[PDB]
Amino acid sequence: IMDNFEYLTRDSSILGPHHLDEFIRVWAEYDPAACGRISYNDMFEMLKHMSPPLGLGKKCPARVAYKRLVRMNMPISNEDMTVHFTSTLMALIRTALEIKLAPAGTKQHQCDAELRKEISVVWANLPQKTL
Amino acid sequence: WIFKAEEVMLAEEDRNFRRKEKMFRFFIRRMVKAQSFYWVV
Amino acid sequence: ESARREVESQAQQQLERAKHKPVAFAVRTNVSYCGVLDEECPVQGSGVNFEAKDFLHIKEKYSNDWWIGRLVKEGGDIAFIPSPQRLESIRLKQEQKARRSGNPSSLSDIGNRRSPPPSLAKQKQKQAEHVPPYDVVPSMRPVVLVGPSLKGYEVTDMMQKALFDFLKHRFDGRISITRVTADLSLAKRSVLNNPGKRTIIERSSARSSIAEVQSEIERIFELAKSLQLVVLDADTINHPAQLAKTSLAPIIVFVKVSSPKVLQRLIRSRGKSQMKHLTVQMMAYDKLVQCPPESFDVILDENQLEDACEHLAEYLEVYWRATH
Amino acid sequence: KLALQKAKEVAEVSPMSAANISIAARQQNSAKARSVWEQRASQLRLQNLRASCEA
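Residue numbers (the deposited numbering), protein chains in the order written: chain A, 1707 to 1837; chain F, 391 to 406, 464 to 488; chain Y, 38 to 361; chain G, 732 to 786.
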């Protein structure tokens, strides 16, 4: 019972262990293979088709989603023909609970350092997904 | 604390009937609360 | 020069022979001045770096400019304390290093209005209050208990009588307990030369209560000069600020209930007699609570009798070692 | 708090109460078991309080 107490006291409104399954299910249908990088225009229809429990409730919170896509660092620096799941789901799970970058707006490096020191041994797999 | 002061201001008030029966009550109350009475009962 | 070394040696020998002699009297200060950095002291290296809010104890006689004193600190050695006239002179010296101190400002006005210093530029003026740098206080600090509510009522009387008893017993043979039945809040020093000097004047204050209250002031002084610690069982003072501007400068002890919810039921524990006065018995609690903690000297903020009892015992033991 | 206040009254000498409360503040610290139920209850309390405050 206590091995599963996190799931048994769910209060399912900010759930994260389950919405990732829906994210994978949605991504699989649109993706025939990884092939490294995928297009851009799919992510908008994916957010529209994303589960309303996480990402958008009404028409107004979509603006907040735009506030998460714009007004910060851009993955557009590299080729626009690039995946965004490494930077979209991470951003949404970071901002849904325990948001810290918005109140500061300049202390991104300290948050990145905290993430790196908490992922110290991952064989440097996420460093390429943080971008 | 208040009881301690009541038993302190009663010894200094008698040191200088219905009063002699009250130091007996104070001694009883000091006796029903000691560890000896607790262990005996 | 041989004269300065000779007077240094004589002062050192006087200090050595006066190390084991009774203390004469004590002074109270209101200015943060250091007696070690002043070059006019008879002996250098043996000054006092005392801040404000401090007591000094003078024993022997030196001159009109300096005195031999000691601090109330533990381990504080014998030092030299400036005389009140010397402190007035050094206060005048404090405000002379500035560019200007009188009426002629230096706002690009040089050589136009010389303005020689009149009597307003000296210490002769500003005599509306003119607080002396030194105040006369009892040698040993009297101890006054305040709280948790109005005195003369059952709850406060018991909560103070228990501690009084503890002080009589534990410190028996070295502490004298005196009760101030009359008022004590009318201790003034800058009102008049002698208001009501004689009882035959038939004046308003001659027949008033000011006479006995003023005569009770130096009784505390007489108790203090015997080195025996004394307390004050004043039934009128219920707030530290009521007895803070006077010449007593006493130690104030705060016995307080943690919350008024406990205090109300504690008052209820006495009987129907105290329910009549329960109302007035509560504002006297929160008025004294709203007083800043810094006003009180010590705080007894706990409920256990024995631990709070030790809280005062160790503090007074530290005080006893401080002045010995 | 009481031990920290102890040093405040004694301004005439260097107080040792701070050292006494320091040496007696970490020895008993190793008794904070903080079981899974208590940790989950604390997290739930934090989340509920945040939701109530933010409405």
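You may find that some hints are simply not true.
[What the hints assert, rightly or not] Taking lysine-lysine pairs in the DSSO-like style, the calculated list, with each CA pair at most 27 Å apart, reads:
1) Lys1813/A / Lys1823/A
2) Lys324/Y / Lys763/G
3) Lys467/F / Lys234/Y
4) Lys262/Y / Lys234/Y
5) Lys96/Y / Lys262/Y
6) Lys763/G / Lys110/Y
Source of the hints: derived by calculation from the structure; they are not laboratory data.
Inset, instruction - Would you list, in rising numerical order, the hints stated earlier that this structure does not obey? - result: 2, 3 and 6
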